[PDB]
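Shown next as structure tokens: one chain only, the form solved without its partner chain.
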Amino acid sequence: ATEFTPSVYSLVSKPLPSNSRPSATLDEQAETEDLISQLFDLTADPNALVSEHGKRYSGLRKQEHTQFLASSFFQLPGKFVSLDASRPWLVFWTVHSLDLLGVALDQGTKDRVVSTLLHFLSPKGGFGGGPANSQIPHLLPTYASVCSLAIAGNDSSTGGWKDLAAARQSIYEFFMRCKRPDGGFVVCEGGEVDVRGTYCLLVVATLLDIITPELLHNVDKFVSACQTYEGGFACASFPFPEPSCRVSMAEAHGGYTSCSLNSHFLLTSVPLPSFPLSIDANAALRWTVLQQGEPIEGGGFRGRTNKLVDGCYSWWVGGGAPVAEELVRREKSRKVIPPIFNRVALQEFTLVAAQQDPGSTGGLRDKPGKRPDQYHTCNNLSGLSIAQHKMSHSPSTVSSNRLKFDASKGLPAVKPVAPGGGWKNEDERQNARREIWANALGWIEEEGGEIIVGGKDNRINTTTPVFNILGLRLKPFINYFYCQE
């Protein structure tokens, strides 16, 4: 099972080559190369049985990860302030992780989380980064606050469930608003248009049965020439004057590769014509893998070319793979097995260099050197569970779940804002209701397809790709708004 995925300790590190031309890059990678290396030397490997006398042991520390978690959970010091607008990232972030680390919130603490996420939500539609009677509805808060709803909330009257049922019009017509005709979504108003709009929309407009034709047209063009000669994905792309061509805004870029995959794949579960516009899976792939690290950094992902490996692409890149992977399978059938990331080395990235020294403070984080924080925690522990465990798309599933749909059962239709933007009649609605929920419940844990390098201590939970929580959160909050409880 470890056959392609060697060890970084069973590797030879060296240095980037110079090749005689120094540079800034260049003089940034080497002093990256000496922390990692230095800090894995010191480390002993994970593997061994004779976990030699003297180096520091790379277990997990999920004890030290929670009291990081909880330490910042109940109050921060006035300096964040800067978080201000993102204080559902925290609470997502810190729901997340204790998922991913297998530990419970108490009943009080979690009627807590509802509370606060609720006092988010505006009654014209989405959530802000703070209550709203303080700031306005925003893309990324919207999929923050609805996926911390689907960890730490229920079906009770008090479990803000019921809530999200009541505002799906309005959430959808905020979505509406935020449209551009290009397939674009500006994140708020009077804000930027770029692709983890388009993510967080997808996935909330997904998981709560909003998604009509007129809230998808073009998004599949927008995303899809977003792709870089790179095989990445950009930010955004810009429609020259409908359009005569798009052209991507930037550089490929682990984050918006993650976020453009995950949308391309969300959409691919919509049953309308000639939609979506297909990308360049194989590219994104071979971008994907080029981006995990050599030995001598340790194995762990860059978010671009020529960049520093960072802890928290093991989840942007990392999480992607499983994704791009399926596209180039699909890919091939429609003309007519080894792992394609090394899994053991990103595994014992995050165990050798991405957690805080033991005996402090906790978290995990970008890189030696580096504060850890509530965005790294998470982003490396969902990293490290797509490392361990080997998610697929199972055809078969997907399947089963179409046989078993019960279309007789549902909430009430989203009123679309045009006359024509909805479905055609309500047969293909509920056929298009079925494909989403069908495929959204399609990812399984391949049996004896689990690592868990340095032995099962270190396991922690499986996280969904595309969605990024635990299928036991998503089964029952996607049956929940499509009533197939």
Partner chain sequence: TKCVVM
Second form
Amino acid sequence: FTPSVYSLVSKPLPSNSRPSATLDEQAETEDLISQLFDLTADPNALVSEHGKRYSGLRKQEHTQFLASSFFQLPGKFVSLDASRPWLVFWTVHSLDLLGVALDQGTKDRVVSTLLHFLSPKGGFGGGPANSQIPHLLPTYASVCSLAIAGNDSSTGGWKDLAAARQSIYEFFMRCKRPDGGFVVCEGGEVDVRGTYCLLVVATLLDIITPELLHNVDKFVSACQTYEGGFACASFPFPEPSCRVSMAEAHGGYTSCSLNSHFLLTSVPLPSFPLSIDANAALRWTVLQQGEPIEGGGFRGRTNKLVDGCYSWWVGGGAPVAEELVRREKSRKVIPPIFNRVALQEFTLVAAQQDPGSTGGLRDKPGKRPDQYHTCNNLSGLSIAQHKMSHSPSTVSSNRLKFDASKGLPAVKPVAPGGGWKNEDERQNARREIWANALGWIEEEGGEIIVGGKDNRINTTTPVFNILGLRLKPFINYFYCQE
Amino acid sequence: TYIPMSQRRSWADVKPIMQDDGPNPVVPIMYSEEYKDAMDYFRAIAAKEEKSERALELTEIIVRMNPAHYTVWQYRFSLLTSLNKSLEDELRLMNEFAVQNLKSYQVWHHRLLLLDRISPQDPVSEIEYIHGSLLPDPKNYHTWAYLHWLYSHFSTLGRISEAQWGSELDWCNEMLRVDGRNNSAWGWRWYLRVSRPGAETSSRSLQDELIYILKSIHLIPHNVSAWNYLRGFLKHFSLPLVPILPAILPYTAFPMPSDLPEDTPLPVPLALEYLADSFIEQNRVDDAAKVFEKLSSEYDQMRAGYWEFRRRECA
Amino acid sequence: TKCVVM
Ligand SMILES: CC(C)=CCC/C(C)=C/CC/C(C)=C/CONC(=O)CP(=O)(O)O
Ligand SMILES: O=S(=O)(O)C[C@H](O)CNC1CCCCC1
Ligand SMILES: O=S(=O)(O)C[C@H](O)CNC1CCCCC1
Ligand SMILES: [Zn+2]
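Could you please show the structure of the form solved in complex with its partner chain, as a counterpart to the form solved without its partner chain just displayed?
Complete assembly follows, chain above in first position.
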């Protein structure tokens, strides 16, 4: 049920005798990818043709690519000056996946740099707090990077995050809009990227309240389009009479919406979260996997082009949609849901930089590698290599070990009645949120490593996109479950 | 030759503030002299919260160097409102800015804030600009999202007339005529015809919509956009699949297929998806299973696992 | 034609 690209017939998308700009770009991309596959040895073969490129994951080249980007960036990176915590996250998460350790001195530098991005009033910005205002996206990127590079010592940065919990929560509340959306920053745009980044951080740091979550589920649900994926945002027509989705289903926004909704399912509020159409989201997800001629990589939108970064955005959303589908069918009353083999083939054959060069991973052939595509190609490769499930028995096991008498101080709500009703409700909420956050498992015997075990990378966690070995100690610290 | 701001008479009173990275920062960017200097003085301006023309000028200098600098964009809009600046002048400046920076979240949001604040009685000029701006990239996501917001926001205020809605559908029809595989324009059609609050729903408007969809499929049988639209349409309006089946059956080998266009290999996977779902509608679970298995075995092997899942769902 | 997430 997961055929290799090399075992299938490669045919262009048919024209139907009606040319268009879309088809011109598609045909061009089909040629580009198929030509590289033709020059490359089939990763599954014991005997390769002589003269053909070896597709093995060039981990040392990718490490060197990340090293160069890590200690000094050229002047043209100024376009990413407001995204510096992303550059950190893309680097440190990739190194985790590649299995490359940072020394303590380098880790300390990562922590210190990020702490300079934290404002006392609350939240991280894309640069130093004396230069940039807080933003939901750098807040996610900085928090995850601290999970990866930090620790519980006085110089480990986790201590500082714990102290910042109330201020971060207050920043989150300032971002809150009555319809359930959040501005990304003061005066900023409202979309599901904001919701995703906020919910991840609020989950990990134990700063979820009822007043934070009001309408949040409704905003996300109405982002779902007739295609089954999710758009950037929904518009509230004047609590609102109705909500209407604002653009196309996209991999970036579908990833954010599925992950957001999933995080909300562990919150014990009444009639919450408002349901999404899980079957349609799964359908949209699988339909975005490219044909053999385009290497089996994912595209981000119908009739656009395949791109390595969508291995994470679309591919990493698959286990989430699958679990939601599983729950929906259980509410009334196994082969892989996407081609796990083909996606790895796209990664190894098409998404790696040509050997003996700068290293790194990329959008597609003809595109320069960057940190963003390095991280998201690898995060997607991990999802394809390792069969991820959300396990009810693991969640149950987590519930049994949870210590509700241990925790950091409760957040003080903005509105007097914005918190949980009482301590029983609040502690039950903490238990459910923590227990489910640690519910993702790799299924033993589910592993598929295309090209041999030297291609194996570490296991990322769906929804959060950090390694489980980072997630567990991090969330245990803030919930005092260590 | 660059003249430093420390040598400019207009900035003599200002003491620049350095970037506070701390000791030995990771991912440092080697800034140009121009960008470092501008940011050194912006830090000083923002710190003292100066709202002035020189501060406004400085924000422009910076966003030109980094169109993604959300902090500086936020400060710029704050200056515009504080100084009661000409918002129409700013919108004109953004016309050039937006074309060169299609994927900038903050440029597009800046436009939104300007339109929201200007709040024109008739937004026709902006609608026209937006249509024009789509020439270099007909699929620019932020533009389509912005177009959705514009019509939704201004319709809420009761400022979109029936003539305006009508010409918008005409433009959308033209977009899909030029490229029927433009999924962004298909999405816009759904807003115009189905999702917007003021959209007409009658048995006759459904008829017209079916005709358009079917005609689109016959013109481009392998167009996933048209197929997805059809499936969304029937699902949204709770319409049975069976009565339309005659128009779709030929692809499994009201407007009907051509008496077939060249370069149309059969079967079309999504036509088989339609047929299997039509069997499901008829309680014929074994007939659906066989179609799903064929999609899994032969006709859409990339999705072998998903179609197998769908087959097991019948059994 | 780079990718932009922020
Ligand atoms: C910060 C987070 C979690 C962001 C979501 C990640 C992505 C990939 C968002 C997509 C944003 C978007 C739709 C940008 C528009 O420009 N991009 C493209 O046109 C790329 P394509 O042709 O693949 O749609
Ligand atoms: O493993 S990677 O493909 O990332 C690149 C790795 O540096 C291969 N270089 C070898 C090393 C031994 C002698 C010279 C050639
Ligand atoms: O999958 S196994 O562990 O059985 C086989 C092993 O991983 C193959 N890796 C090769 C070894 C020679 C250099 C190129 C990479
Ligand atoms: Zn990309």
